[PDB]
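Okay, handing you the structure first.
The complex appears here without one of its protein chains, the remainder shown in place.
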Amino acid sequence: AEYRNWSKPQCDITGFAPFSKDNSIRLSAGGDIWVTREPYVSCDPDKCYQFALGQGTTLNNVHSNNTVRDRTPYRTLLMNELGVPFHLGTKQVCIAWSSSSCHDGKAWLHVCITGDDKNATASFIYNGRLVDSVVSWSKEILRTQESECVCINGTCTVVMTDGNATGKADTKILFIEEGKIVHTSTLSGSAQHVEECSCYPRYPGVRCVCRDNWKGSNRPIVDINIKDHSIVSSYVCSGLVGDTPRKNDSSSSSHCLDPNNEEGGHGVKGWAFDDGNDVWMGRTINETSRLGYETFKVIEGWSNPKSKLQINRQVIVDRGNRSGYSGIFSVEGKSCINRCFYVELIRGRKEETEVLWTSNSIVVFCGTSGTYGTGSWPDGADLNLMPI
Amino acid sequence: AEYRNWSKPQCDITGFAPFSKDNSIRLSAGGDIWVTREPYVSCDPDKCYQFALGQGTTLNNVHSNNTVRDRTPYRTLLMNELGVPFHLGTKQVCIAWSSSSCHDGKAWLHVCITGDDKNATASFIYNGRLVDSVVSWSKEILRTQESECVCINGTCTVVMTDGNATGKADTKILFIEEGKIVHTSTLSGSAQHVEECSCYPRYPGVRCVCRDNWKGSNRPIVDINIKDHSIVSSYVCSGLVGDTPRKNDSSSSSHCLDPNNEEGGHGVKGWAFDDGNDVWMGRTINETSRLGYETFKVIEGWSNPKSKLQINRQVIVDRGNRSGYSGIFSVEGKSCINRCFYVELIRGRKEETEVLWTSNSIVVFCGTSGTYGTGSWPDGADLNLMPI
Amino acid sequence: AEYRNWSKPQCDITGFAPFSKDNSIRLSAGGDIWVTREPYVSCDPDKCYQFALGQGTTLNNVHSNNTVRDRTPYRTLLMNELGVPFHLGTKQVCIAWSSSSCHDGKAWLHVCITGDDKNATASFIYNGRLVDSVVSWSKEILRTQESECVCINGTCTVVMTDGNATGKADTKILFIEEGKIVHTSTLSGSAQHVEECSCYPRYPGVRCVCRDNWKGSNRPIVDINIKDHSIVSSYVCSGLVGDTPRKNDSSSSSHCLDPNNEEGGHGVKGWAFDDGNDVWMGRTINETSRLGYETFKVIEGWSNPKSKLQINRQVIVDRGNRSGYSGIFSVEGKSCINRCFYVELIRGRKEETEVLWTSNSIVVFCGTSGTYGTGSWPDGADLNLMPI
Amino acid sequence: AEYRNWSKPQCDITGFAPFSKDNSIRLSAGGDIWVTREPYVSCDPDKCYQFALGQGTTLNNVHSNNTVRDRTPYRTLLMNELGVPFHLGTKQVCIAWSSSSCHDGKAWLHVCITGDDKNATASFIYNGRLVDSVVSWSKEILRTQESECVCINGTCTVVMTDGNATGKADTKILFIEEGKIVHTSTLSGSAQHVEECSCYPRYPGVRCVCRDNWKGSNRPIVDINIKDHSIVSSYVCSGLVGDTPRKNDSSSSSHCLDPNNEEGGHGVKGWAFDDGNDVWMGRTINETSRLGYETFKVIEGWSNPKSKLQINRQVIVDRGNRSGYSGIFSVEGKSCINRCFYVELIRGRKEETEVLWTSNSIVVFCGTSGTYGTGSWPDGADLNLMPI
Amino acid sequence: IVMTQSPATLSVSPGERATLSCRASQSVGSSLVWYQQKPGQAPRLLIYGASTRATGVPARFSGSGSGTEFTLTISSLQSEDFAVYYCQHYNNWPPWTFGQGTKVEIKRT
Partner (left out) sequence: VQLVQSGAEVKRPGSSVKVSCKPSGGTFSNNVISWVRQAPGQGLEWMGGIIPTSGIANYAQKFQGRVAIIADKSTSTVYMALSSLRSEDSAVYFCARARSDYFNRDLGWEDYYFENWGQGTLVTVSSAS
């Protein structure tokens, strides 16, 4: 088996077709299903896998109480084939309250962060064994992508941040070969706050669209050179901005270099990708909370910060239903690299008080060059009826 | 692995021997088992798999209420090895309220339809990735076979219909190569309404025996040329007709070209195959409802529309027990292609009001050149005793 | 892979060492476990598998009531790796209220009997597909070994009986090649009644020690020639007899050709094998009921019907604990063929009225040339405490 | 496949990074999870596996009462991939109330002890079949490592003891080739009591750090020559001693040849390894009971018995949380052999009377040459809330 | 299995306690019926298991025993109760042997 190089051109995309849904909160009401959050999808050369951070508990369980907490010693990275829900036969691949995973074409890399907020460890697990580790450099919640890392020619890149949630933080890009950290680049360019990057191969490099938790409701871009380890960063130009919170489309604006300073503080993990000068992006339908989910193309939205010309809108989750994080993952096809995304469908606490737990389902969509229709694919659980 | 070509002769069939039963409603009463309907069987070159459309819920679950509804965003295609019941470790392979699957000799193709009734999407998933999609052409429930598609030399054919349930509809045959739609043929010949085709390789072509939901209690035939994509259609000649509803055996009649106009409206998915001029076919034992299941051969029943000369009758499900859909699947043997069928055993709503859910078991029979006896293999669950 | 030939010598046996226990009834008190009876063990060249006939129900289930009956349409052959208990992910490999399975070195053969008492079908399933079937020849419960069949050079032999199991009128030996019945020999020699054979390779032939339900408390032997299909039969000479019921050791007697006519009616499935002129055999410790289990060697007990000289006794299940069926299976080692056995540990109805169900666990022991101690390994479930 | 030889140098270790955690007691409160104790980890060349001795019961089960008892006929060795918890699909690999397992590079060896206290049998299971067995030599609980055995060039070594718990006992080292006992060496050297060895490859030999249950709170070392079967034994020199009970660090002392006679009686399974003249070791944080867990390096602690100079302390389990047994396992990396350890996290009886059962979780840590932070990773279950 | 029954005839006065014995040649466990036959008629089941009366059988008919020895006791014979009585084993396996029967007959001056 060879290393992945992703050197095929990006597929023609007219929009996205439905690919997978787990129904895990609906199954939890009559079944032993893991409490999770921060899911993502990553594929080996044959199959796609769903990942999530477990809460060390099933949903119909006394330990499901207070699972709104994001960092505990009991969180583990769950890994299944995509579409197999997280039942009790699920493999916990590492101890993690923050993670990233990717397959280099030969084996899985998991980047697993756990331990104290002020002194966390990242473990690098490759081909089933711990190969490396690094301590928290800024002593203030070391954290990573909560989505797939990207490997080209056996070098995997992961974006990690340590420091302030709503202020200046230290972001580094780690270059990892068979689980060994071979290089570490500091974030360079004009992105001022960089969390929870959604990264894609864009051969020869990796491109990441991230969360600005401080100043931008426009999303940071990080461009990662795999050969010389050089880093560039900026913001997604489109006047239709991808973060939550944000201003409405009639009043929102953006900058190609700077955070827009419009509802800049806080954010959500999300994604975008270039299609020449256009951008494909997903976002919540609501501007102020993680309700609904939509994708669209913005014409000139990768190059022109004044552009608000959208086309090819799809509702993924209608505006009355909860979404959550979302991220890109890339799938190699016969002649081109396809872009796919997942949406976390968060249920329970803080926002829903019918239950004591917080958990998620997933829905997954893949880019199509074909035609597609309409729908909404929400979580679908009735929290009034099921285990409290 | 090579592509399947199915170019062996059809096996000698004296009747059918018992092959598999899932007991899934009986297991649901003390176990986390998926609510399902519209099952089917398809085999890779080594193993057979059971498929069904899940209802995004287990049976002993608050979400199993109102699962009589056939189209919801939560329906997914479940896939297991045949005889493994649909427990919580089951893979959901795609989002689907209508589907077809087949193995081309290298990989699985799943054809997965979901979304709005008036604007559905069919996704084409091959070797674990979304390769293609098509929108609803007539904007009135795009739907497909609810049984295996058929692949010869790496071209898979699936029959899809959009338009009126009880009136004229638009049927197309899609030719699919490694998940890419390479051709689309409109239905040609004298079949006036074509739903839920049961298709089998009949090298060099594919033959489908289908449901007429409008005019026939005789079943449509669609003959599909794999090389030049040409389509022919007609009806199963035998005076003993395969659909439900139908007239009784003394008063029923049939036509080789036309629907018979006898209890023509509505139908059930079923199957038949030619054996020279004879036809092997399955049907419900009751003429007016999906009760019991029988197979028999009709002498000259493929060629002569006046023939009512049956032989080799087998009860599969006795007339007091519920059946449901049924379909053919083909298994490659050492020297010949065998024909096998499955029967859906539907339990619960609308017909049984002991429970709030609708779900099915399966029973599976394979063609034998040997000898066989008698029996009845119904669902076997006691809905008076088990979860409501 | 090659076909098995079993042509290595039989291993030196000093007795038997513990190999496997499933604890199925203990696990069923807190988890979804299949109701079973008539277990057996058979191995492919790498791994051993446990088999049992399911009752189409889990134990903590309303359908577990009245599971005393040995024939129902819902019985299926369950197959797991040995030591994996029968949980809801277990494969039902065929419809069966009587079965035999074996691996020929390339693939599994399952012989699966179901249908009406008067008109049963045996299905022959090889490498995952139905290859053959035969109807009941004497119209009175067609039945087979309830233990492993034996294959030499790709010809598998299974002993099948119909009627009241009288000799040539009723018992046949089927020779099966890749699932196809190639030959059928009628039972010949002096064994008058032959049921539930426990068979082992004894190259070049197969040897079977069986149950006599009419005349013998001594066990019938069937010797099967694999090359010329010839059959011979007789009884285990040993004055210490292997059946239940039987006379006590001081008053029991035996015959090398004939049934002994001592407590001859009824029986239990059991096993014996030759070790030169000696016999190794298992039996219940109680003479009149299936309580306890013991193995021992009888010196000259294969050749001399007056011999009662036992040595190397081992208690497997102490005399106060329920046993059930037992059978041999053979395991190919580096330089010799080892002999192993399983004991069915039957719990519940009719003998135990604390519960409504009947089910079993297993314990498995393998021949050792080394040394061993003492113990008892009973079922271990407390039927006073667990689901009724 | 080739045999393992472990002929790489030991990795540079700065300390240990988190690797795996099972959360099995937290999952037991809403899920069918096995009751276990005496876990360990061992890896094949690709994957790590968790092992434990089951109690023939799940936790939420009537049979989980009185599971403080360590030897019963129902105990079996459970085997899963590391991070898959012990759910009902878990393979019981053998009957065992004491065990050791290892992979020789071609196949698994399980050493499985069961039967009467005064007359136990050790079964040797290799590549899925029983190859050998030995009886109790001293008739007083034959017992083995409760952790991985070690194989070099296809010879596996296991340390086995029979005789007094708190007095003189007979220890032997068995040399096993493809499951056959080829040699047996008596324990030579100055170790006066040797239980529950934690062994590691230290090419060309095997080194074991063990429990002295009689005279030492310092730990015995057994050095095993693989070529000439010769045995040497002594004690870990460090004045910081690894057993529980022990004296506090200010008052404890040690001897390189003899047991220290300080709190010598009783013990816990634990581990240590040399790093030149230094020792890496784990121990409970409490000196008298199995509370907390810590690792550290003692400078000159392998060679100098007066040394109490520790560095590189890590809390694994904070001092208020229960630990249990711990053991080493070795993982082959690209250029070096890494050392990893597991900690058993015992919950319930005798010490916790909120529940009737005794069971464990696991946490697993691997040696790192990189940097790491701080944390505590305890069991995390609330025994006040969950099934009694 | 052989069923032995005693006495071959029992003489009893009207309004007096009768006792009848059946013995098997092996353990029949608790599987032993008692039948009553009046000479002009087919037998009537009285007892099954070895103690439960059949439907409508008067409470004065009482059965006991297990393994190999069994008894039917009739508390106080009415004119209704002077009859032949048969034991039969219903062990799980054929044949189903009967006792040779006990005649219960009236005692007078």
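Letters A, B, C, D and E mark the chains as written, and numbering starts fresh at 1 in each.
As a convention for this text, a contact is a pair of C-beta atoms (placed from the backbone, for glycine too) under 8 Å apart; a residue touches a chain by one contact, two chains touch by 3 or more.
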item: Full-complex contact with the absent chain, from C:94, C:131, C:141 or C:224; value: C:141
item: Contact partner of the left-out chain, one of C:229, C:247, C:255 or C:266; value: C:266
item: Contact with the hidden chain (one of E:63, E:65 or E:101); value: E:101
item: For subunit E, the residues touching the chain missing from this view; value: 33, 35, 42-45, 48, 54, 86, 88, 90, 92-101
item: Contact set of subunit C toward the excluded chain (per top definition); value: 38, 68-71, 98, 116-118, 140-141, 143, 164, 266, 269, 325, 350
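FYI, only the chains that are shown with their structure count from here on.
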item: Separation of mean Cα positions, subunit E and subunit A [Å, integer]; value: 84
item: Residues of subunit C engaged with two or more neighbouring chains; value: 32, 89
item: Touching residues (chain side subunit C, partner subunit B) in the complex; value: 32, 54, 56-64, 72-74, 76, 88-95, 112, 114-116, 118-121, 123-125, 127-136, 178, 181
item: Subunit C contact footprint on subunit B (complex, rising order); value: 17-23, 26-27, 29-33, 43, 46-48, 81, 83-85, 87, 89, 331, 333-334, 338, 340, 363, 366-378, 380-382, 385-386
item: Sites on subunit E touched by subunit C in the complex; value: 26-27, 92-94
